[PDB]
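A single protein chain has been removed from this complex, and every other one stays in its place.
Labels for the chains are A and B, by order of writing; each one numbers its residues from 1.
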Amino acid sequence: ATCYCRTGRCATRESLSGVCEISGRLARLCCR
Amino acid sequence: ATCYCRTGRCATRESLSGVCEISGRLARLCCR
Partner (left out) sequence: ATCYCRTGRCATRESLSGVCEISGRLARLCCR
């Protein structure tokens, strides 16, 4: 899948799909 | 629900209910 670790809500074609971290802080994993 | 992100054990009327972070370190989510 194509995924991004996001500061913001998942993009329209994406779904919240797990957990990642940005600088050690929990963040949305967004996948399409 | 009423929840707090705790350094300590959940208070008496609270239950461990998920995961949060305090300054980027995993911590207890306590809810009542």
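FYI, a contact is a pair of C-beta atoms (placed from the backbone, for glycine too) under 8 Å apart; a residue touches a chain by one contact, two chains touch by 3 or more.
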{"item": "Residue numbers in chain B that touch the chain omitted from display", "value": "23-26"}
{"item": "Residues belonging to chain A that touch the chain removed from view", "value": "19, 21, 24"}
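Everything that follows uses one rule, which is that only the chains that are shown with their structure count from here on.
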{"item": "Averaged-CA centre spacing for the pair chain B and chain A, given as whole angstrom", "value": "23"}
